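K.L.:
Here's the letter readout for the chains.
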Amino acid sequence: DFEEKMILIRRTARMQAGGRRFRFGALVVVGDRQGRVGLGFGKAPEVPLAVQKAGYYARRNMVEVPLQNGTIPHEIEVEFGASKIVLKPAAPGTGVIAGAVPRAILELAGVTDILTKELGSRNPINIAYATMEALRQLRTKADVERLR
Amino acid sequence: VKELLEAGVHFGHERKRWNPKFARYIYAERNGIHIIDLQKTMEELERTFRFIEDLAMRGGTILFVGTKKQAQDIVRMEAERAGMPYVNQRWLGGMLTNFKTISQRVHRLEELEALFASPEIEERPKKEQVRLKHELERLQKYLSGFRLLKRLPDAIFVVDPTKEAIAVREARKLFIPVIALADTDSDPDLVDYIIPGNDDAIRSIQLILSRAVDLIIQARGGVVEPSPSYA
Amino acid sequence: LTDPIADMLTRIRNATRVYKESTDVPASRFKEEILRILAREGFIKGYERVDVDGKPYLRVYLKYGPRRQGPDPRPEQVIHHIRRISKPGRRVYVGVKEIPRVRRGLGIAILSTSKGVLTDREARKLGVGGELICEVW
Amino acid sequence: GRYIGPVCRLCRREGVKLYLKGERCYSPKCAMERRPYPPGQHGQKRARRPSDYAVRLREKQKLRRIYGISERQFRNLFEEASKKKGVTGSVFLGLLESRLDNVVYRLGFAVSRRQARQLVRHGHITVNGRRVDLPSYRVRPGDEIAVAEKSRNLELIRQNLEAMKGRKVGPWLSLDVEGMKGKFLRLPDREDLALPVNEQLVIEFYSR
RNA sequence: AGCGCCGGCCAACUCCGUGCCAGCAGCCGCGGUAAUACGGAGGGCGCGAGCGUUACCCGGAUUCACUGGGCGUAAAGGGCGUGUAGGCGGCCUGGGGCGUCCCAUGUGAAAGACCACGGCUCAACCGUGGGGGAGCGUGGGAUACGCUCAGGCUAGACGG
RNA sequence: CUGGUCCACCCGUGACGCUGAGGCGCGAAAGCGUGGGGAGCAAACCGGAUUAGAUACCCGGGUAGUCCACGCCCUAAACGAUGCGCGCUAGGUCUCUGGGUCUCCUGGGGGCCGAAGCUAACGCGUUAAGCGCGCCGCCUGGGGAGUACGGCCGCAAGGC
Ligand code: SF4
Ligand SMILES: [Mg+2]
Ligand SMILES: [Mg+2]
Ligand SMILES: [Mg+2]
Ligand SMILES: [Mg+2]
Ligand SMILES: [Mg+2]
Ligand SMILES: [Mg+2]
Ligand SMILES: [Mg+2]
Ligand SMILES: [Mg+2]
Ligand SMILES: [Mg+2]
Ligand SMILES: [Mg+2]
Ligand SMILES: [Mg+2]
Ligand SMILES: [Mg+2]
Ligand SMILES: [Mg+2]
Ligand SMILES: [Mg+2]
Ligand SMILES: [Mg+2]
Ligand SMILES: [Mg+2]
Ligand SMILES: [Mg+2]
Ligand SMILES: [Mg+2]
Ligand SMILES: [Mg+2]
Ligand SMILES: [Mg+2]
Ligand SMILES: [Mg+2]
Ligand SMILES: [Mg+2]
Ligand SMILES: [Mg+2]
Ligand SMILES: [Mg+2]
Ligand SMILES: [Mg+2]
Ligand SMILES: [Mg+2]
Ligand SMILES: [Mg+2]
Ligand SMILES: [Mg+2]
Ligand SMILES: [Mg+2]
Ligand SMILES: [Mg+2]
Ligand SMILES: [Mg+2]
Ligand SMILES: [Mg+2]
Ligand SMILES: [Mg+2]
Ligand SMILES: [Mg+2]
Ligand SMILES: [Mg+2]
Ligand SMILES: [Mg+2]
Ligand SMILES: [Mg+2]
Ligand SMILES: [Mg+2]
Ligand SMILES: [Mg+2]
Ligand SMILES: [Mg+2]
Ligand SMILES: [Mg+2]
Ligand SMILES: [Mg+2]
Ligand SMILES: [Mg+2]
Ligand SMILES: [Mg+2]
Ligand SMILES: [Mg+2]
Ligand SMILES: [Mg+2]
Ligand SMILES: [Mg+2]
Ligand SMILES: [Mg+2]
Ligand SMILES: [Mg+2]
Ligand SMILES: [Mg+2]
Ligand SMILES: [Mg+2]
Ligand SMILES: [Mg+2]
Ligand SMILES: [Mg+2]
Ligand SMILES: [Mg+2]
Ligand SMILES: [Mg+2]
Ligand SMILES: [Mg+2]
Ligand SMILES: [Mg+2]
Ligand SMILES: [Mg+2]
Ligand SMILES: [Mg+2]
Ligand SMILES: [Mg+2]
Ligand SMILES: [Mg+2]
Ligand SMILES: [Mg+2]
Ligand SMILES: [Mg+2]
Ligand SMILES: [Mg+2]
Ligand SMILES: [Mg+2]
Ligand SMILES: [Mg+2]
Ligand SMILES: [Mg+2]
Ligand SMILES: [Mg+2]
Ligand SMILES: [Mg+2]
Ligand SMILES: [Mg+2]
Ligand SMILES: [Mg+2]
Ligand SMILES: [Mg+2]
Ligand SMILES: [Mg+2]
Ligand SMILES: [Mg+2]
Ligand SMILES: [Mg+2]
Numbered sequence: 005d006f007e008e009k010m011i012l013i014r015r016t017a018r019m020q021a022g023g024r025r026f027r028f029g030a031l032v033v034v035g036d037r038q039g040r041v042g043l044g045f046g047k048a049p050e051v052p053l054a055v056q057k058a059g060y061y062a063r064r065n066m067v068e069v070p071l072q073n074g075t076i077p078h079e080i081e082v083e084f085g086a087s088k089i090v091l092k093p094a095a096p097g098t099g100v101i102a103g104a105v106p107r108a109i110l111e112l113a114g115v116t117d118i119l120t121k122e123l124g125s126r127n128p129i130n131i132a133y134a135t136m137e138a139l140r141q142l143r144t145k146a147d148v149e150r151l152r
Numbered sequence: 007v008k009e010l011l012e013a014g015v016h017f018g019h020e021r022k023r024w025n026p027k028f029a030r031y032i033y034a035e036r037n038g039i040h041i042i043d044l045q046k047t048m049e050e051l052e053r054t055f056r057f058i059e060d061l062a063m064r065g066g067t068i069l070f071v072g073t074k075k076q077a078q079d080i081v082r083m084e085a086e087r088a089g090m091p092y093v094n095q096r097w098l099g100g101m102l103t104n105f106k107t108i109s110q111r112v113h114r115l116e117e118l119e120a121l122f123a124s125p126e127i128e129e130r131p132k133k134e135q136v137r138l139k140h141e142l143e144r145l146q147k148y149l150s151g152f153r154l155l156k157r158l159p160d161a162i163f164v165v166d167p168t169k170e171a172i173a174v175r176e177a178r179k180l181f182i183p184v185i186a187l188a189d190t191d192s193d194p195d196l197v198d199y200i201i202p203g204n205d206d207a208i209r210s211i212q213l214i215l216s217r218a219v220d221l222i223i224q225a226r227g228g229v230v231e232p233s234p235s236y237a
Numbered sequence: 002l003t004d005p006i007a008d009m010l011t012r013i014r015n016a017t018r019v020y021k022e023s024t025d026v027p028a029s030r031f032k033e034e035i036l037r038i039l040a041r042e043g044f045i046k047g048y049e050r051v052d053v054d055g056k057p058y059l060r061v062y063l064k065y066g067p068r069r070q071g072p073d074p075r076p077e078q079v080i081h082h083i084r085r086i087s088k089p090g091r092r093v094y095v096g097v098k099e100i101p102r103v104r105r106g107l108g109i110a111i112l113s114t115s116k117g118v119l120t121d122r123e124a125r126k127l128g129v130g131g132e133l134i135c136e137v138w
Numbered sequence: 002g003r004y005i006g007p008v009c010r011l012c013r014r015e016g017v018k019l020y021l022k023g024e025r026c027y028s029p030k031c032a033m034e035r036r037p038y039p040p041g042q043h044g045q046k047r048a049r050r051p052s053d054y055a056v057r058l059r060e061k062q063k064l065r066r067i068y069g070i071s072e073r074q075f076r077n078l079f080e081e082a083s084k085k086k087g088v089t090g091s092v093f094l095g096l097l098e099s100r101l102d103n104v105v106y107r108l109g110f111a112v113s114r115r116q117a118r119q120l121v122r123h124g125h126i127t128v129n130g131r132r133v134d135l136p137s138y139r140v141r142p143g144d145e146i147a148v149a150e151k152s153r154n155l156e157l158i159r160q161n162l163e164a165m166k167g168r169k170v171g172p173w174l175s176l177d178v179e180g181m182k183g184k185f186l187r188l189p190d191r192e193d194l195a196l197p198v199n200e201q202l203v204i205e206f207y208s209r
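Protein chains in written order, with the UniProt record's numbering: chain C, 5 to 152; chain G, 7 to 237; chain U, 2 to 138; chain E, 2 to 209.
Quick caveat, the hints were computed from the structure, so don't treat them as lab data.
Keep in mind that a hint or two might mislead.
[Stated by the list, open to error] In silico BS3-like links for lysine-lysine, alpha-carbon gap of 25 Å or less:
| no. | chain 1 | residue 1 | chain 2 | residue 2 |
| --- | --- | --- | --- | --- |
| 1 | G | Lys179 | C | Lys47 |
| 2 | G | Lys22 | U | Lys21 |
| 3 | G | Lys46 | U | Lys64 |
[Claimed, not checked] Partner residues are not named here, just some residues of chain C that face chain U (Cβ under 7 Å, in silico):
| no. | residue |
| --- | --- |
| 4 | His78 |
| 5 | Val148 |
| 6 | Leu151 |
| 7 | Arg152 |
In this text, a Cβ means the ideal position worked out from N, Cα and C, and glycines have one as well.
Make a model of the complete structure from these sequences and hints.
P.N.:
Right, dumping it as structure tokens:
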């Protein structure tokens with residue numbers, strides 16, 4: 005099993021004659037607090053199905069984040085559309101310093117020490133993905149040498 | 007197993023309607039046509055077959071796809087011969103990516119073979135017989151080579167990767183490695199184990215797919231002698 | 002042409018992003034000294050002085066990672082990132098104590114110093130500073 | 002000054018017993034034993050999902066409520082920890098611990114930190130000889146924490162000294178009963194205390 | 001023992017009264033007879049000899065962007081040329097060493113700040129010690145890039 | 001009479017280059033001054049219709065003007081709503097104009113479709129809106145307002 009957090013749940017709507025009709029959107033991150041996180045956004049005619057379906061995709065999309073004493077190996081900046089995420093290495097005491105969105109991802113990934121900043125569009129969805137694709141580009145001292 | 011005058015069989019084709027990633031597999035261009043270096047085709051047939059072999063000798067499945075009219079029939083022959091699945095007719099969308107749902111249609115196919123072997127009611131109305139049977143032929147047309155697939159292939163073999171881009175797509179999303187014969191209109195990097203050859207001439211579609219099936223049986227348990235080819 | 006150096010680095014980035022085996026940049030005993038860092042640190046296979054239409058060039062041999070699994074089989078880059086720091090528009094100079102740590106050590110900053118072209122590591126070693134040519138990782 | 006009101010509602014709101022009383026804390030007449038739901042008209046109503054903000058406030062209030070300390074004083078310590086070398090969460094708990102009135106309650110001289118205050122405040126306590134009646138004295142390693150000689154002979158302190166005879170006391174402390182004196186051995190490793198506090202969530206409260 | 005708050009942001013919910021009125025309000029917005037949003041009440045949350053409001057400064061504001069933004073359609077390319085100042089500038093070789101970089105040395109008061117210790121029962125406050133810095137003067141040194149002088153070249157540019 | 005520009009030859013010069021605040025020139029139409037010219041057209045204006053009305057649309061008329069010379073004005077959806085130069089990053093098809101060994105190749109233009117990549121999207125994509133360097137111009141919520149004041153230009157209208 006995995007540990008799960010609901011980052012976002014939103015109602016959307018579409019028009020047709022006679023009225024508007026809703027659908028729900030569930031941004032869920034899921035992880036083991038020991039180097040494995042997954043982000044999934046799930047939509048359905050009702051709330052919990054969406055939260056379920058979210059969690060489903062969440063697993064069907066993971067990433068192996070190279071923790072290091074609970075911090076990430078290096079500075080990293082990523083832009084997903086107009087959203088930007090900054091990740092910066094932090095020493096033992098620091099805590100996770102971030103907004104909920106990139107927090108929820110970093111805690112459930114087992115980060116315990118990091119400095120972050122959102123820049124640009126701070127739409128949670130895009131920020132979510134931007135933080136994921138960020139982690140996904142983390143490299144270790146090894147990773148680099150093997151590569152080169 | 008490999009043979010060498012496939013030059014008598016194909017040497018490829020297609021004028022500048024080419025994809026340029028396929029540059030490396032081209033010697034020169036002749037009658038206003040791209041001519042495929044056979045020496046490269048060799049280098050590759052080997053490395054491809056090596057992969058094919060390992061898969062047979064571990065008893066692992068191959069999905070055979072070809073629907074361009076030319077490679078159409080020769081996949082019913084060559085794949086049945088290997089006791090392996092194929093899609094001959096239309097390549098339904100989501101066969102790998104939505105396997106369990108597509109297959110939920112094969113249980114229907116079986117279920118008609120069982121129901122329509124006889125009897126368990128022929129006291130069902132005249133129209134329904136007609137109706138149900140019409141359905142039966144239907145599934146049979148597309149799903150015939152598919153039922154042999156009871157699990158996600160351990161690989162897939164494709165005749166035109168360009169033409170069967172959807173197929174290659176579905177595999178890559180699943181990490182199912184892709185084997186294909188591919189003439190100069192194709193994106194090479196998109197294939198894992200690659201056969202740079204004419205993909206439109208049945209001469210060639212024949213040679214390559216057969217010797218494939220041959221290597222499939224020869225390493226699986228047996229050997230066999232000539233199989234069917236239309237003149 | 003206003004920045005021979007940037008021009009080079011860009012010729013590389015541009016090539017590396019469509020996965021060319023090599024690309025040639027117009028030769029310079031300074032451009033070379035930078036490639037001599039780029040290869041040594043293992044960012045490129047290396048370079049060789051060639052000629053194109055009678056004119057001196059440096060053919061630069063590019064390096065990447067394995068083929069990959071997934072719908073996008075393109076390999077990771079070895080040069081993920083390379084960009085001018087100092088430029089003709091704004092020369093950028095650092096004393097030794099203020100040489101940046103690129104990417105937590107995993108990348109380098111080539112620098113022209115009066116003890117030749119060095120990396121951060123190398124500079125700090127001989128303990129000198131200089132114009133910060135660029136950054137790679 | 003400090004909280005000085007109904008103290009059971011605290012535990013009830015925090016959803017956890019904080020041992021803010023001494024004796025009654027351990028009986029089945031404890032509030033949290035009878036009504037382990039939050040104080041007031043609405044405690045029986047079904048809780049709705051606490052916000053991230055909510056959560057960290059609560060954790061901080063809890064850690065704070067334990068020590069009965071004013072919010073300013075709490076804050077000033079936490080900052081002090083953020084300038085102080087090492088892991089802030091540790092040092093914060095450590096510095097919270099090195100307070101006189103806590104050490105006194107730690108070394109068992111009283112049943113409630115509340116009672117352990119009035120003890121220091123009423124000058125019944127001493128450190129290294131000298132009398133000290135400041136509940137906030139930051140106690141260092143080596144310090145001898147006595148009962149006042151003139152206070153040694155008192156009912157309350159007697160009854161409370163008697164309850165300590167073979168009760169073992171944190172790895173960072175020594176207690177010499179009869180001799181009525183104790184010792185501050187070192188600053189507490191985090192493990193050495195086991196409070197219902199994710200002190201991490203506290204750092205996070207103050208980083209907003 | 002007081003003061004603010006309990007619609008969302010933001011921690012804290014029920015009853016009555018009122019009925020687009022009286023009123024709240026920092027933004028979104030609340031009130032037209034079942035208002036968690038007005039007023040009172042019970043209850044709750046936050047602080048506590050304080051709590052709140054108003055004003056002003058930095059912050060959040062990567063919203064003047066050096067770090068660290070932009071200009072087809074969101075605000076944003078000059079109507080187009082020509083050209084002064086300026087800014088910027090190809091390959092090779094030497095001299096100079098202005099920028100740049102290194103070392104030494106002077107200066108960089110005291111207080112403050114930072115680390116240690118110590119005195120007022122603690123603290124605030126206060127004392128003793130320690131640690132440096134940019135920056136600028138001076139002496140010495142380096143020469144890759146920028147500069148400058150000098151000599152070559154032909155890939156830029158110009159011409160036949 | 002005269003400008004731009006492209007090709008081929010690879011003959012000459014030896015970085016003589018890029019951009020460019022100011023400045024200077026050019027700048028559709030309408031408009032303006034003086035003098036011509038005036039067939040067609042046609043603001044203004046007259047009348048007929050349409051219409052609830054119809055200072056319009058439609059119909060019959062009609063003067064500036066439209067045309068020429070000389071001097072002004074200096075605007076614009078003056079648009080690719082895309083500043084200039086250079087270098088680098090797949091190709092496919094149509095086309096204009098050169099030079100070739102004339103199947104085909106190679107330049108310089110004009111279109112479409114598209115690799116990578118970009119982009120909020122729409123779309124851009126060797127004619128970049130891609131990846132980069134140089135310089136210039138410009139944006140910083142909507143209205144108020146391209147208004148006011150001041151200054152400079154203009155015969156005025158008006159422009160900056
Ligand atoms: S623990 Fe002591 S303080 Fe908390 S409720 Fe039970 S009794 Fe009151
Ligand atoms: Mg990894
Ligand atoms: Mg975004
Ligand atoms: Mg962007
Ligand atoms: Mg570190
Ligand atoms: Mg926002
Ligand atoms: Mg084909
Ligand atoms: Mg910079
Ligand atoms: Mg306890
Ligand atoms: Mg949390
Ligand atoms: Mg600290
Ligand atoms: Mg305890
Ligand atoms: Mg802060
Ligand atoms: Mg308040
Ligand atoms: Mg608050
Ligand atoms: Mg709340
Ligand atoms: Mg009233
Ligand atoms: Mg009411
Ligand atoms: Mg309110
Ligand atoms: Mg109320
Ligand atoms: Mg006070
Ligand atoms: Mg402000
Ligand atoms: Mg903030
Ligand atoms: Mg700022
Ligand atoms: Mg900037
Ligand atoms: Mg902006
Ligand atoms: Mg323009
Ligand atoms: Mg103008
Ligand atoms: Mg000049
Ligand atoms: Mg100059
Ligand atoms: Mg130069
Ligand atoms: Mg000098
Ligand atoms: Mg100094
Ligand atoms: Mg000083
Ligand atoms: Mg300092
Ligand atoms: Mg002291
Ligand atoms: Mg001092
Ligand atoms: Mg020199
Ligand atoms: Mg010269
Ligand atoms: Mg030339
Ligand atoms: Mg010549
Ligand atoms: Mg110019
Ligand atoms: Mg000008
Ligand atoms: Mg004009
Ligand atoms: Mg005119
Ligand atoms: Mg006119
Ligand atoms: Mg007039
Ligand atoms: Mg006139
Ligand atoms: Mg006239
Ligand atoms: Mg009329
Ligand atoms: Mg009329
Ligand atoms: Mg009329
Ligand atoms: Mg008319
Ligand atoms: Mg007329
Ligand atoms: Mg007339
Ligand atoms: Mg007139
Ligand atoms: Mg136009
Ligand atoms: Mg143009
Ligand atoms: Mg404009
Ligand atoms: Mg605009
Ligand atoms: Mg310009
Ligand atoms: Mg620009
Ligand atoms: Mg031509
Ligand atoms: Mg010709
Ligand atoms: Mg033109
Ligand atoms: Mg063209
Ligand atoms: Mg297009
Ligand atoms: Mg694409
Ligand atoms: Mg093209
Ligand atoms: Mg754009
Ligand atoms: Mg405004
Ligand atoms: Mg305003
Ligand atoms: Mg005006
Ligand atoms: Mg105007
Ligand atoms: Mg005026
Ligand atoms: Mg203008």
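K.L.:
So if I understand the rule, the pair passes when the alpha-carbon distance is 25 Å or less; does G/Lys179 with C/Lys47 pass?
P.N.:
holds (21 Å)
K.L.:
If you take the shortest Cβ to Cβ gap from C/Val148 to chain U, is it below 7 Å?
P.N.:
holds (5 Å)
K.L.:
Is it true that the CA of G/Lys22 sits at most 25 Å from the CA of U/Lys21?
P.N.:
Cα-Cα ~22 Å, so holds.
K.L.:
Grab the minimum C-beta distance from C/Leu151 to chain U and call the hint holds if it beats 7 Å, violated otherwise.
P.N.:
holds (6 Å)
K.L.:
Assess, step by step, whether the Cα of G/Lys46 is no farther than 25 Å from the Cα of U/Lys64, and give holds or violated.
P.N.:
Measuring from Cα to Cα gives roughly 23 Å; hence the hint holds.
K.L.:
Report holds or violated for the interface hint on C/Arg152, using the least CB-CB distance to chain U and a cut-off of 7 Å.
P.N.:
holds (4 Å)
K.L.:
Does the interface hint hold: is C/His78 within less than 7 Å of chain U, judged Cβ to Cβ?
P.N.:
holds (4 Å)
Comparing the model with each earlier hint shows no violations; every hint is respected.
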